[PDB]
Amino acid sequence: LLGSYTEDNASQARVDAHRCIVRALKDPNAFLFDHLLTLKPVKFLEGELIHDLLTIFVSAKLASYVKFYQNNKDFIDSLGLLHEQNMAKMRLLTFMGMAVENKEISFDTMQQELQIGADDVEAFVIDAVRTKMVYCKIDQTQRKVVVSXXXXXXXXXXXXXXXXXXXXXXXXXXXX
Amino acid sequence: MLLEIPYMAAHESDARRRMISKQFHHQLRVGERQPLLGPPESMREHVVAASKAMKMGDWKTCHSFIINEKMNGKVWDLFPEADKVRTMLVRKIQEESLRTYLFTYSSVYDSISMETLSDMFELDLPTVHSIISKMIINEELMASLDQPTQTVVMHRXXXXXXXXXXXXXXXXXXXXXXXXX
Amino acid sequence: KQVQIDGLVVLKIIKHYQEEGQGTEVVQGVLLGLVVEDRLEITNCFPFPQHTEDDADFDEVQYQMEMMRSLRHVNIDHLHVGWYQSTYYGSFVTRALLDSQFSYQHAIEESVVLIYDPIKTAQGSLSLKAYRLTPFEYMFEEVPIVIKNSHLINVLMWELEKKXXXXXXX
Amino acid sequence: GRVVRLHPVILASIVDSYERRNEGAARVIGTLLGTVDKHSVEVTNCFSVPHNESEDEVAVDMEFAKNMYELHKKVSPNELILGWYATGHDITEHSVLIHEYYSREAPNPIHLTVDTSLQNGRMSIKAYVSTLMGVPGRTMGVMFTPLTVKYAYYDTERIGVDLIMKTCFXXXXXXXXXXXXXXXXXXXXXXXXXXXXXXXXXXXXXXXXXXXXXXXXXXXXXXXXXXXXXXX
Amino acid sequence: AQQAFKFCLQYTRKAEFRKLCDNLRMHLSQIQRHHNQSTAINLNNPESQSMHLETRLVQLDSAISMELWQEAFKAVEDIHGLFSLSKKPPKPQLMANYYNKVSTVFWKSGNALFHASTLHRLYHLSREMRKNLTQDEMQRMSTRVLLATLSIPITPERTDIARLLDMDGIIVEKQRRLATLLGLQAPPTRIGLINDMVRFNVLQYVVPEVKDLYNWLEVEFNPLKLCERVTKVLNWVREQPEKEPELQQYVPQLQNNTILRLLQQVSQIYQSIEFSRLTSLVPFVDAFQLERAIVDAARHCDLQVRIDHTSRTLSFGXXXXXXXXXXXXXXXXXXXXXXXXXXXXXXXXXX
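Protein chains in written order, with the authors' numbering: chain M, 188 to 335, 1000 to 1027; chain C, 481 to 636, 1000 to 1024; chain H, 37 to 171, 194 to 221, 1000 to 1006; chain F, 89 to 257, 1000 to 1039, 1046 to 1068; chain A, 178 to 494, 1000 to 1033.
Among these hints, one or two may not hold up.
What the hints assert, rightly or not - Under 10 Å between C-beta atoms, here's a sample of chain A residues computed to sit facing chain F: (1) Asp313; (2) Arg317; (3) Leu342; (4) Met344.
Said to hold, decoys possible - Pair by pair, the computed Cβ-Cβ distance ranges are: (5) C:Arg566 to A:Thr336: 34 to 42 Å; (6) F:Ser205 to M:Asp214: 46 to 54 Å; (7) M:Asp214 to A:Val428: 40 to 48 Å.
Calculated directly from the structure, the hints in this document are not laboratory data. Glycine included, C-beta positions come from ideal geometry on N, C-alpha and C.
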């Protein structure tokens, strides 16, 4: 999807970039926005709202949106119903930010960042978009979630390691 | 019914401490294999419904059904003391249904509450604790009761079971030796 | 591109072709398996009955449906990944065989045509090939076929002249 | 009958049948074809059957037997329905009763056990026909007679096998893994019910000294434990 | 025969009625034997059959009125076997009465799929007659039909189990022949039956509240809002004279379906939820009846639970073991997703 969006951004009129940004930030499979934000067309000052959205979806949390809602189309999102798809994504991205800092996340911290009920909290963790993004074990008794371009680089390294691991397992089986 | 139901249930439990036979058991089996299941009309069907109700742990339903089977039958109306026996049977059925419940549901329940159970079966705790403890001790059930907090525990032992199996095997071997001789 | 042929698939195709050869009537059947990546696994086959009709229209959809349903009660439950035939003419003698393949390709564009020669197949030489149609150009091309066998199958095969979880993980 | 020969194709067909399901615990069942009209039974082909076992009872699809056999006959009438096979690795308690079913299609029924796990190198196959020695002063009792086996091939297959051994000379699997994980997340209750079953088998044997039934139960329990270990 | 049956109904002679029925069976068995013999009644002739079929139809009717349900069920197949042999169609009057009887039998039988089928057969037949008909009835009947289909016990079958054993249910249903007996090609699922409910004609005459209910439960079911939706929808049904009447008799099974769904969804949402919260989350007649339902859902394998009465908590799975195999089951799902994703990526590559 990043490929398709970058190709479109680098062929379409600059007037189409705002809509492209709304499309990106609403897309069910997209969680990484750095490459799109870095596009020279993306960079331009005039699409200030678009730039703000990129900062918001590339770098910020749900809290950052709330802080800036009067200067971003939160109201427009409400009119549209676009935001909930966007709201969901920003909350998912917030979990990703938290997981980067710590591989054990207390429920109380998540709820504040989450701005959602603790009972609901697990459901939100439960939802599949979250599951693909994260693999973790919920500990109800301890009230925590154990969750073991820049990001892509790190991911790549992991993938390589993963492959090596799988190979080991396969090798063993082959032996038997 | 009163005699063979809890022992059946336990067998459903599979603890299999003891084997018991209950009259009209064959009739119940026939009904289960029946293509058609009607709401009870003949008396044996009312008794039947009371049995299944005991199995699922609705004692109120069971008590209701006996009258319903009975009313067409007029079976309980033929006794002068019928009220007395109605309440007496209501009590004995309360007890045995409590037993049956415990037998069937101990799989998914690791722990229990004697207060709640007492209220809901309409059986005072002195009866509850007694029945449960007695039964557990008699059937060698891996169940533990704290009288202080009034709570029960199950779902366990492995090591002991294996020990038993070993014994049995040894017995079989001995038998074979006899034939060999 | 590679067609991986299983032990039972290869033995059934050689057996059927040879049985067909005694008959003097050309033998065809269906190949069952999995399209994996580009590559295709042929895990099993079954024979189609001899028909008066030659080449296309040979297939009997009532026989096929019955056979497929009864196999499904059987474990394998594998897509039809193509067809095999034994055809004497070489090399690439007959136009008619290709059209059959076009019918298979229209049902599933990944379909493969295997051809085996039961007369020229001799100890040390199996004469077999696998084809697809091309998408002044030639109409078709051939992809080399490899054989897949499990360790259990290898041990089993070794009884001639004797003097599951793992597969899943893989 | 004095002996049995089995074609390599049959061995590979039984393994392929077992392989597709991907169940270690499960034992697969099918039909064997060939020629049993002499003292040497020749087993030359086979096909899989839908088969399920519940408790002692097992279901075989009679219509499947008839319908598949009818197609087999259209391919090659020389390969007659001569018995059945299963993946074993050992005789099971229900086998004499299952064998009585196959008797309807043909007699005497022949049972080929193909050990698709291949624990023993020498034999991938055990062959049995049902017969009773009998007891004097008593009614005869049915039992399986063990017949010697060899693996033999016609020229076509010999050529094929030699060619195959030249170089020597996933979603379903994931689902199975998930099922194993579920079993693990439950095994404390299944342990206690396999402990009881084990005891039951012992009881049966005692009675015999029924015995067969008990033995089967014990075997089942052991199998269930082995499958739990493999999963782990 | 007609006179004899009227006698049995009028004087509640149930014992004799059963014997009457058996006599009629023996008589009919004889005719096939009789037919080879000279002077035998001709079961080939339409008038002869129409009379025989007319009798059996009445046999079913009296059976229902005498509440002899087992006898009713036997007489239904008696009727069925004659209809197959039957060339001339029955009077639609007497035929619609027949179907209206099947709905009662099957409600008492606890076979809800057959119940709804019989309703539909009657509706399709009552639409034609009268040629001019009340719209107020079409309102209530269509609603009834639809409600009875939502109210049907869940037909869902586990995916893991089915592939390995193709096993669902107890499983056993001795009234299985009857589905073939109603010209149904095979036993249906509740989802399947519902689609006919889904179809506009059932929908068009169908009270709106039921369409909403279907949305709330079958389309977009969310536990965090279902209780509210139901609370606002349940008032409307009670007020209506006809809707309430249709509704009154399906309250139980409907409630069962809804609660079953709530237990499943809670099983998905939680790992170990408090007994107070779980019971609180889903409405119940009584706190203990809610526990009963939860266990029943567990026995029928719609959910696996371990209920710890000491701490008042429920777990939808020794402790570390249950966490290990939950982790494994999560990892597996994750792998599956990744695999599927990779497939999608392949397509993107071409782009």
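- prompt: Is 34 to 42 Å right for how far apart the beta carbons of C:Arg566 and A:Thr336 are?
  reply: At 50 Å between Cβs, range violated.
field: Status of the A:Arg317 interface restraint (C-beta, 10 Å, chain F)
entry: violated (45 Å)
task: For the hint on A:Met344, just tell me whether its beta-carbon gets within less than 10 Å of chain F.
output: holds (8 Å)
- request: Tell me if A:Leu342 is really an interface residue toward chain F, meaning its C-beta lies closer than 10 Å to one of theirs.
  value: Since the shortest Cβ distance to chain F is 6 Å, the answer is holds.
message: Hint validation: A:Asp313 versus chain F, beta carbon distance must be below 10 Å. Holds or violated?
response: violated (51 Å)
field: Outcome of range test on Cβ distance (M:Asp214, A:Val428; 40 to 48 Å)
entry: Given about 45 Å between the Cβ atoms, the range holds.
task: Starting from the range 46 to 54 Å, see whether the pair F:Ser205 and M:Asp214 falls in it by beta-carbon distance.
output: Since F:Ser205 and M:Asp214 have Cβ atoms about 49 Å apart, the given range 46 to 54 Å holds.
The structure shown violates the earlier hints numbered 1, 2, 5.
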